[PDB]
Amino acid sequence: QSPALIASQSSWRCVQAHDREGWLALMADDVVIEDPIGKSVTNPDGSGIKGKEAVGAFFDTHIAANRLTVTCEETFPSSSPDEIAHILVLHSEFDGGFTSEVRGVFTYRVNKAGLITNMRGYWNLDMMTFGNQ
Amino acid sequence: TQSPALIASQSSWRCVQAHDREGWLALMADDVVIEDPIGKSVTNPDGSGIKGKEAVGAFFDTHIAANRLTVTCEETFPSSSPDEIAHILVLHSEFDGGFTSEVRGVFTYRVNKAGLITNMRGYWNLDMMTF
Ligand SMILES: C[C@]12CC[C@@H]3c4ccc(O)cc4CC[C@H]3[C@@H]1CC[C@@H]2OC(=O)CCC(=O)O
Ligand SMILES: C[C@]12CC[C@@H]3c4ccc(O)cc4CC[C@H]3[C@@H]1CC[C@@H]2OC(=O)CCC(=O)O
């Protein structure tokens, strides 16, 4: 198992586990999370969430007042043990029965130490589905 | 209006299928890097990708020579930036002599402000290829 694979798989288990300290242990001090890439609700300036404090906030905000599934549909290794891509499905269910889902490509890059420097999501609000119950 | 990233991605598969080398290079920024795949492999010998129009020209030549290359987009994943996009692509080679070669990967593309490809990056390796 490559470092990029251990890291990305560990990052889904830690959100499954709602395990904030284990999630942050996976991150480099210079981590940038672009979920999604570009200006969006979860990326207000289009530039990403930078550094472990900010990314901790991101974790805290995301796991609050909703059930947050991340399923790996498919994995695409590259030829670098430090970079990898996956198709993931994300489901949040907030209060009253709401309900957002998105399916995206996510790419991950780790440093020489095995820690996440980048996580990048290809999705936008037009691809997201809303529901009730 | 399709995004600059999507126009560029779709044009690059059209240029390849038309064996249009000048069309293909007109899509590229002068600082273009192509990592097909990311990391060391037959098509990325030093692992840092193919850099610049001249080198990316040579890449085009080597991939289409004696080859019936089809590039089929199975699925497209826009981002929230009109300059970055990802696709699942099936790259199918049928060389002269009849020998088949195939890979299905994730490819990401980035364009600059002019709409020219700065990056093209493939998530595949030789262990994923079929024959
Ligand atoms: C955009 C969201 C789903 C839609 C929600 C939403 C939907 C409609 C609305 O009027 C307000 C809000 C506020 C919170 C909004 C959510 C914040 C994160 C969530 O979407 C993400 O979990 C998708 C994947 C990810 O960013 O990890
Ligand atoms: C199939 C190739 C690796 C993938 C290249 C390739 C990769 C992507 C693409 O869009 C087109 C092509 C056409 C040329 C393709 C190469 C021709 C020979 C090369 O494969 C060999 O290095 C290994 C062959 C074998 O494992 O038997």
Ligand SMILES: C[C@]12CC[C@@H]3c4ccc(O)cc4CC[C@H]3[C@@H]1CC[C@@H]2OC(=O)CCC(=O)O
Given for the second form:
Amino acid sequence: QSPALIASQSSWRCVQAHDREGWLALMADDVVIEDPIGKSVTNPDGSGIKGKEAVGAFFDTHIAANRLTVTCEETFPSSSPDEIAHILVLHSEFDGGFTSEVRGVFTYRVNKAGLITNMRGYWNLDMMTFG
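Given the form deposited with the ligand bound above, I would also like to look at the protein as it appears in the form solved without the ligand.
Shown below: the chain alone.
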């Protein structure tokens, strides 16, 4: 398995376990999270969350707090072991049985040591469902 694939799949594991330390351990010091790409609540300046301290806070706020799960629909390797794209479905679960989802394209780049430098989400609110 490629370094990009190992990292994407580890990241979902850690997001599902609320494993803050394990999740941050996957990230390069210069990691940029754009989930989604563009101005949103989870990308409030439209240019990404930069660096592990800020990415730790993002984790506390939008991940540690919620009941987030990841379903992987399809994986698209590139010709680089270090870059990969997936179709994923993000599941957030509320009290009383309520769930929101968003199905998007997520791209991951790692550096040469195998750490996440970029996580980029092609989705917006018109793609979110609630049930």
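Shifts are known only where both forms have a C-alpha. If you superpose the two forms and keep the largest set of C-alpha atoms that fall within 1.5 Å, you have the rigid core. Numbering follows the first chain given and starts at 1.
- Just one of the listed positions, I37, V105, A54, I63, moves its Cα by at least 2 Å between these two forms when the rigid core is held fixed, and it is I63.
- With a cut-off of 2 Å and the rigid core superposed, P77 has a Cα displacement that falls short of the cut-off between these two forms.
- Core-superposed comparison between these two forms: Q16 shows a Cα shift of 1.2 Å.
- If you overlay the core, the Cα of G96 moves by 4.9 Å between these two forms.
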